[PDB]
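J.: Okay, here's what each chain looks like letter by letter:
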Amino acid sequence: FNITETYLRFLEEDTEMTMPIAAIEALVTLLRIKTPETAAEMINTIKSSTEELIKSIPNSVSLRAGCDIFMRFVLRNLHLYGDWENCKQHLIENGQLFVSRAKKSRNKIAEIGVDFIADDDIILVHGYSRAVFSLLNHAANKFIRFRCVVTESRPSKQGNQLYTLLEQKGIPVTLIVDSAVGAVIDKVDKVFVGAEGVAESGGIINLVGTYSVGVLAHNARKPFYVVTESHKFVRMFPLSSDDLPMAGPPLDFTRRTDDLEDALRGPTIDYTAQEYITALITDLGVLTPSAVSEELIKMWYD
Amino acid sequence: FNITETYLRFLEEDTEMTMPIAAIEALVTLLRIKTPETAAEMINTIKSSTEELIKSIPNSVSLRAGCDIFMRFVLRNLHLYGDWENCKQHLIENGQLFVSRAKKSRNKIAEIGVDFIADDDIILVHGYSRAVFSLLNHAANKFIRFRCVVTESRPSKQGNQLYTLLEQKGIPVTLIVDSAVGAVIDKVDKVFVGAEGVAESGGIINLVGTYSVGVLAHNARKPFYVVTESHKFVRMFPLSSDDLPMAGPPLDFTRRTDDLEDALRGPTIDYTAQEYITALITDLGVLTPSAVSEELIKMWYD
Amino acid sequence: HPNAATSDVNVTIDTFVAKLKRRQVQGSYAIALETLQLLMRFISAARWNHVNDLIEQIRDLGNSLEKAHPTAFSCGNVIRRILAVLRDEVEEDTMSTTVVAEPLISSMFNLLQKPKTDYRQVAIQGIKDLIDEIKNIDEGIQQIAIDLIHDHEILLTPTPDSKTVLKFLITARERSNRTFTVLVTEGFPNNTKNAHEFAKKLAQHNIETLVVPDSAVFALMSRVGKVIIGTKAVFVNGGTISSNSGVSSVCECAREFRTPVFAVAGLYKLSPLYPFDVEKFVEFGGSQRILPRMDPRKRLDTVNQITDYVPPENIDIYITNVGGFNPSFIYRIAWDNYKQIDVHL
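Chains as they are written, first to last, in UniProt numbering: chain A, 4 to 305; chain B, 4 to 305; chain C, 10 to 108, 113 to 128, 147 to 376.
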């Protein structure tokens with residue numbers, strides 16, 4: 004009963020919702036039509052829907068991660084081996100319940116995460132993730148000595164947007180180009196990066212440039228930070244230094260031109276290794292080193 | 004008579020006139036009017052003019068280097084203890100002669116120092132220098148397996164200009180953002196760079212982002228190269244990682260604005276350390292390790 | 010929660026506080042023992058009727074203790090362990106009272126999905160078990176510890192303040208087939224006397240001892256084989272608090288030279304709380320010990336600290352009584368000893 008349309012429906016919304024959360028909700032809604040009782044009629048349909056979504060996907064792995072998590076949850080659900088109605092009801096409940104959860108997670112974050120701020124520490128923020136922004140705003144709320152540094156990101160002018168968002172807060176800020184980020188090593192005390200997908204080992208999928216930043220941090224011995232909630236978990240491991248399922252160009256040397264038509268071709272999404280990250284920020288208590296892998300193991304058991 | 008006016012006179016032409024050579028020519032022209040026989044009336048005035056030029060500078064470094072070189076040359080000239088007329092005449096001759104020399108130097112560079120790219124070595128070029136471009140074009144002329152990778156330069160969209168220049172030569176090119184530069188070091192063999200000036204310590208005075216690139220190169224052990232015409236040796240010492248005599252602001256934290264006005268004030272000039280250089284290509288022989296410093300010593304006799 | 014409820018039932022809390030504040034109690038082990046004793050006293054004397062309420066009370070007490078002294082991690086840890094022990098039993102009981114499937118020992122989805148007995152004796156037993164664990168750590172290390180050091184290898188020892196590390200060294204030195212040269216860094220404002228004592232002990236043991244000043248670490252680094260830390264407290268991500276002075280720089284040096292960095296402590300020192308700030312947990316020493324006079328010393332503001340914090344990037348090995356572990360793995364060990372809700376009190 005459609006899912007692509009639902010996905011499309013969320014573009015100018017957000018800020019209050021959460022794309023992957025929305026997707027999950029949509030999935031749940033789809034599920035509560037074709038009966039969760041008959042497993043043959045339902046699971047296959049769900050799979051088909053997921054395939055369709057993948058086909059319609061441009062540059063996103065997080066939705067897939069969400070859907071597989073949902074599937075896993077569903078599978079777990081039927082372990083009670085009792086009546087087939089209560090379980091169904093629970094499943095039905097668990098969609099808006101997921102939406103509700105996000106708020107609670109945020110709340111949890113905003114009380115433990117505020118302990119990290121030290122006296123006169125300058126913070127650089129990279130990537131458009133809602134969680135990081137929330138953390139920042141709720142740190143301002145707490146009233147702690149802090150500074151904000153903006154990086155000039157170029158997918159569809161994201162850095163500028165981030166800067167603008169920061170402005171409507173009242174915090175003094177300065178914009179730095181992604182090429183010029185290397186020179187800033189002593190002034191910025193902590194390097195903060197948001198994530199779009201957390202892998203097996205603890206590797207991060209995000210945006211236009213993260214790996215380089217990580218490398219720089221390693222070189223300067225400055226702490227590297229990953230800020231996320233709890234829905235972006237993929238059972239994946241990259242083969243090379245940077246490899247992802249992409250709809251865009253993986254390094255394309257364009258043919259001989261004069262009038263300029265196609266030139267903007269290359270890497271858009273980047274992967275960073277486990278060694279670079281020193282601290283991980285999540286709502287599930289406090290966990291850092293290799294907890295994601297453990298979580299995955301718990302989930303899949305395979 | 005003015006030097007500033009002369010400098011202004013060249014705008015749309017360039018692309019072979021080595022700006023410093025033009026400056027030297029202008030200086031010579033200024034000199035050969037008010038009798039170069041007297042040292043009291045002349046050298047002081049020249050110095051004053053140079054000071055004025057420095058004061059008037061918008062965003063240029065090499066002028067000073069040129070002027071000091073000229074001064075040194077002048078000093079060298081009057082060591083023959085012969086006569087005032089002939090020496091003066093020789094000095095006068097040596098302005099246009101110097102300009103003439105530059106072309107020969109360029110030719111020497113383009114015929115001898117082009118052997119680095121031969122067996123389909125993929126080049127990562129950043130920082131616009133005429134010499135590097137000449138080397139490229141004259142390599143195409145010679146016919147050799149070669150491939151180009153372009154990193155996006157953003158002072159006032161110079162990357163686009165570079166791309167256009169490349170186009171009028173016939174060769175497939177691709178654009179890479181200096182954020183995803185850490186992701187792509189695998190297929191690209193060697194890194195080549197055009198510099199604004201070479202420091203007393205050995206390091207390179209360049210553009211919007213080079214230090215990070217250097218760091219990346221160091222990490223990857225893929226060699227870092229600098230190709231410049233041998234007259235960019237200024238008496239300047241960048242003692243710390245984030246210090247240079249710059250006309251622009253060095254990381255200015257702007258106040259809390261609302262209309263998004265003050266943002267684009269990111270570091271447009273960056274410095275890298277002495278150890279990063281593997282080979283420095285100059286017309287005065289293939290010399291790198293501590294050659295610039297030696298030259299400086301020879302000049303100042305100290 | 011104030012001390013209005015506990016006045017005639019339990020009095021020793023005040024004494025414990027006093028011990029903490031003026032530093033009458035010394036050595037983390039002793040603190041842990043004291044904590045255990047306190048817990049025992051609480052258990053034997055007080056009344057409960059309800060279980061959840063009791064748990065809450067315990068949590069409150071723990072919080073109060075933390076508020077009284079933050080640098081006493083062992084105290085906290087022991088309490089947490091006890092809580093964990095209680096919790097499992099409580100969970101078991103609930104299942105019988107009411108009258113479940115799990116892929117592993119603990120599940121993540123169980124938090125999302127909606128979920147009188149003789150537990151006192153079990154609780155009592157837990158304390159005893161903890162005490163036993165505290166008693167012997169070195170016996171569970173030496174079977175792994177005396178396998179790493181080889182003939183004609185040179186050791187470098189920062190922090191000789193810890194009692195376990197010395198013992199570990201001694202056990203290695205016992206073996207007739209094994210021979211090694213020992214370089215000892217002093218640590219001026221906090222570790223000097225202790226270092227001297229350690230050196231003396233080494234001499235007594237009949238081993239080649241080299242007393243090295245804090246400046247002469249760089250010259251001998253071409254010969255250095257291994258690095259051992261005398262740490263006091265272990266944490267979640269891998270980072271450790273060391274037993275006072277001269278650890279960080281040495282570790283950095285080791286990292287630079289790619290020298291292996293070992294750590295010996297124990298799981299009772301291991302904490303389920305994160306060290307988010309260095310400034311919050313690390314306590315500073317005394318200015319009086321460094322330089323005499325007072326009136327010119329108003330101008331001369333001297334900086335000196337007790338404890339030292341080392342990042343998890345430098346340290347690679349954490350051998351305990353159970354076995355050899357990593358900073359990327361030790362979190363799980365903590366979880367196996369302290370439960371999920373017991374982290375925040």
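Treat the hints with care, as some may be off.
[Claimed, not checked] Simulated restraints, written as ranges between beta carbons of each label pair:
{"#": "1", "chain 1": "B", "residue 1": "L81", "chain 2": "C", "residue 2": "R254", "range": "48 to 54 Å"}
{"#": "2", "chain 1": "A", "residue 1": "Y304", "chain 2": "C", "residue 2": "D97", "range": "47 to 53 Å"}
{"#": "3", "chain 1": "C", "residue 1": "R289", "chain 2": "A", "residue 2": "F4", "range": "27 to 33 Å"}
[What the hints assert, rightly or not] Listed next, the in silico DSS-like pairs over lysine-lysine satisfying Cα-Cα at most 25 Å (straight line):
{"#": "4", "chain 1": "A", "residue 1": "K160", "chain 2": "B", "residue 2": "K160"}
{"#": "5", "chain 1": "A", "residue 1": "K107", "chain 2": "A", "residue 2": "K160"}
{"#": "6", "chain 1": "A", "residue 1": "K190", "chain 2": "C", "residue 2": "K311"}
{"#": "7", "chain 1": "C", "residue 1": "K127", "chain 2": "C", "residue 2": "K28"}
{"#": "8", "chain 1": "A", "residue 1": "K106", "chain 2": "C", "residue 2": "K159"}
{"#": "9", "chain 1": "A", "residue 1": "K111", "chain 2": "C", "residue 2": "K76"}
{"#": "10", "chain 1": "C", "residue 1": "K28", "chain 2": "C", "residue 2": "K166"}
Hints listed in this document are in silico derivations from the structure and should not be mistaken for laboratory results.
Using N, Cα and C, we set each Cβ at its ideal position, and we do this for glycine too.
J.: Broken hints, numbered, in rising order?
T.: 1, 2, 3, 5, 7, 8
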